[PDB]
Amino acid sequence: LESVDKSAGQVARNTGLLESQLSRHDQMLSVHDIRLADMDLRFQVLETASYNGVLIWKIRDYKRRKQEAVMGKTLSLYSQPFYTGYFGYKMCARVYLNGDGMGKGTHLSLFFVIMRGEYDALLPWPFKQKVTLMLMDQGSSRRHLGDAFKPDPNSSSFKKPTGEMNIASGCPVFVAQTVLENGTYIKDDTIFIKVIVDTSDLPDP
């Protein structure tokens, strides 16, 4: 099949087109597989987003999530974004299941992060709404763990968001693990952190 190999039998090239087309759809299905994946989160963050300044966050797998904090597989966790109004300050909270800073290894870390809103430019600065971060008690009628605080105008943690998330400024030694793990708070391998940024004293239309 000398002067007839590529002649009679050049199907070996036709097979080259099938494969290429196959390689094309392989990438698309994949890109599409990833695209689809970001939709859930996008729905997920939206289904759980609040626009009244208040926020209730949920953390499942505290154990499988706590064990990763200790083994440094994921030092912190962020909450779904939330707002003070439909077009107001954008925010969220940051946590460390196995503490950090002065409360590291012996506490729960909970910070308040002033994210970069899409509507920044029409709002007042520096941010100045009082805050209240708490640990929710899921007991018969016990009490939750809270601690409010007012931003430091001086702090560059409360200014018009240049980069993505502002600088996390909460509490290093919020609550001792030996207290949260030894109590209701943890129920069914999960807990809930609350956040109450005042918006009332800022007439909401």
The other form holds:
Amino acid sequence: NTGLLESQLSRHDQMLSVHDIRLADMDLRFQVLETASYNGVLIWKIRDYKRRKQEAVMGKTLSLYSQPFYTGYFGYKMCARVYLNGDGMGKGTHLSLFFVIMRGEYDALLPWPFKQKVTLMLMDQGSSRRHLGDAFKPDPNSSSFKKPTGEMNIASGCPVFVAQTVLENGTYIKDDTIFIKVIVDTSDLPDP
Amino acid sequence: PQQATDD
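Here we have the form solved without the partner chain; I need the corresponding form solved in complex with the partner chain.
In what comes next, the whole complex appears, and the chain from above leads the way.
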């Protein structure tokens, strides 16, 4: 019958669809890898600041995540979260920057809770290089630094990192893009 | 170290 030809076409179309997602996913997966780091330092590049800022305001997209980064080849898996329009006490007024601990595939061998010092910062692209940053020492009793249970733990950082004005007036933005850098202390910890 | 709203 022709119902056979059409069924076969349908089968193919269905699979071609799947293949497309599989492909798209891998493009994403490539990207993540190509930008991975294993020395506990993250350099997160955020293009389209205007549009993304606007989507934060419009409530379309409140926050953004960096690709994951590591303290070592088989160490903690972490990342960053930013709210272009602020969160909490900085909401609407500042840019909030947080640190996140993700469920690593080797947590069973890592020390908990997380105790490595974290240094959050936004880079200045102007030639005077007056970067903005602040560091902290994980709070042992905080549920953000315990052995992950779900994919990610509660983000912990600075809700009032930078005043949105300061950000948008200084030389931090250039070519509609900003750079965020995280520095996790690794030296102080028995390495593999 | 301050935490983010639940979301």
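Residue numbers count along the first chain shown, from 1. Superpose the two forms; the largest set of C-alphas matching within 1.5 Å is the rigid core. Shifts are known only where both forms have a C-alpha.
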property	result
After core alignment, residue runs (3 or more) whose Cα moves 2 Å or more between the two forms	202-205
